[PDB]
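Next up is one chain by itself, shown in structure tokens, the form deposited in one PDB entry.
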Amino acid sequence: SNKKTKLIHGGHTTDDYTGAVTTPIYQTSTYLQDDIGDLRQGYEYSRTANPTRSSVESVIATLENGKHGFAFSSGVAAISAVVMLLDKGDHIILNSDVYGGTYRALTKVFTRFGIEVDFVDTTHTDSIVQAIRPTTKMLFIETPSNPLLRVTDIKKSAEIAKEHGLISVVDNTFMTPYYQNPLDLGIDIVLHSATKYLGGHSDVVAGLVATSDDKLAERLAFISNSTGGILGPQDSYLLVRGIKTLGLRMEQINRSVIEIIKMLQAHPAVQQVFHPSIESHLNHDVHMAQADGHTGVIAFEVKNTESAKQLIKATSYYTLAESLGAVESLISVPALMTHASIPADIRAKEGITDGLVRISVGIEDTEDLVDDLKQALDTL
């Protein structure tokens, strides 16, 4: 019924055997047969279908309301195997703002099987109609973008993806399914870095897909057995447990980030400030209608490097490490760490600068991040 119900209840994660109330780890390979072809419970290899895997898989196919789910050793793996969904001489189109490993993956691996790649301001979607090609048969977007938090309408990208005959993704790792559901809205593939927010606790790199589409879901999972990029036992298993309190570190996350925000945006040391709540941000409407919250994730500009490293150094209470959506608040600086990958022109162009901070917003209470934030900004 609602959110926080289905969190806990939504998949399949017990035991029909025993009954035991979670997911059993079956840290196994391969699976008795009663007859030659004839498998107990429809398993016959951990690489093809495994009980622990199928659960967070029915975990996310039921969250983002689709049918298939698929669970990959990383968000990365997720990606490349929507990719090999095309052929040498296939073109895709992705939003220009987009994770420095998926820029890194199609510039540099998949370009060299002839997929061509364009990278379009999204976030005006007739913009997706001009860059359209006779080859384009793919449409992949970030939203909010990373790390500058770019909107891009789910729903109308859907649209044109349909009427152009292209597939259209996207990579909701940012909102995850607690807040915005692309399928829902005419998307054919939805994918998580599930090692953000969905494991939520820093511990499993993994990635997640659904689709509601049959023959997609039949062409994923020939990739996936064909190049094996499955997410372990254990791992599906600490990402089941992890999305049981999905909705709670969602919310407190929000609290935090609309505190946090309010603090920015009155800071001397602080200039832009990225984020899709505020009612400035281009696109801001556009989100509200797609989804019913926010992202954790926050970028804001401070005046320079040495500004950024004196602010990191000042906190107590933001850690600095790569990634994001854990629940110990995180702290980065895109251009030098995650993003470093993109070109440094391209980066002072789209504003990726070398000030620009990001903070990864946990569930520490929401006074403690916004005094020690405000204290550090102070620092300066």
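We call the rigid core whatever largest set of C-alpha positions still superposes within 1.5 Å between the two forms. Numbering follows the first chain given and starts at 1. First, how it differs from the form deposited in another entry.
- Core superposition between the two forms leaves every listed residue (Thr338, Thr62, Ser54, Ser46) with a C-alpha shift below 2 angstroms except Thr338.
- Superposition of the core reveals a Cα shift of 2 Å or more for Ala348 between the two forms.
Please show me the structure of the same protein in the form deposited in another entry, now that we have looked at it in the form deposited in one PDB entry.
Below: the lone chain, stripped of partners and molecules.
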């Protein structure tokens, strides 16, 4: 019914056989057949299907109001499976600032296979309409994006994609199914790095894909069985487990995000703050129209590299590590950690200043996180 209930009771996450209230971990590769071709419960080889992976697929299908779910060994494995729906000569439109691993896969792997790619600022959807070529097959958007949290209108992207015969894809990692459901907005395929909020405990690398489209689902299933980037049963189980607390975690994170943003906007050592909840943020109205909460990723500007490093060292509760969506609050400097390969002046032009800090808000106490960052900002 309501979301926190659906998180607990949605999907199949009990054992029909023994009644176990948690999904059994089928650490197995093959299955007995009573007669050639007669499978007791549909299973014959774990690559093709595994009952624990099936459980987590069922969960992500349910939570995104889709019909079919797919678990891959990582977010980029999910993304590659989706891109492999295309053929050489086909063309993809993506938002200009996609995740660096997505960019790296597309421009360094799939263009070698004849996939054509254009990166486009989708904060104006007419920019998509201009980018459409006769060969364009796919529209792939993240919203909001990293690390500047640019918002793209999901419903209009869906309409554009429908009118031009495009497979529409949304990378919904930053919002999770708890706050944003692209399938409800006409999108064909939604995916996630479950490594982030869904697993939620920094202990699983996984990707999840959902669709309501039977034919796209058949093609994704064939790709996943042929290229084999499948999530194992232990990790599927840990995903199912971590998703149970997703609503509580996201809501704690959102409370903290509101307070932290008030603090950041007030503080003199902080310049621009990037987050879709700020009403002056580009496409704020759009985000509130397609989502009923916020991501825990915030970026803000301190003065320079040394200010940023001092910030990191002076916090007690912000941890320096890769990834986002942990229980811990994480802190990073994109210009040094994710965009250090881009030349400095291009970084500056794009907004990736040396003092740009990205925090991923965790589930620590709101007051502690506000106070800790402030006292660290006070030391500049």
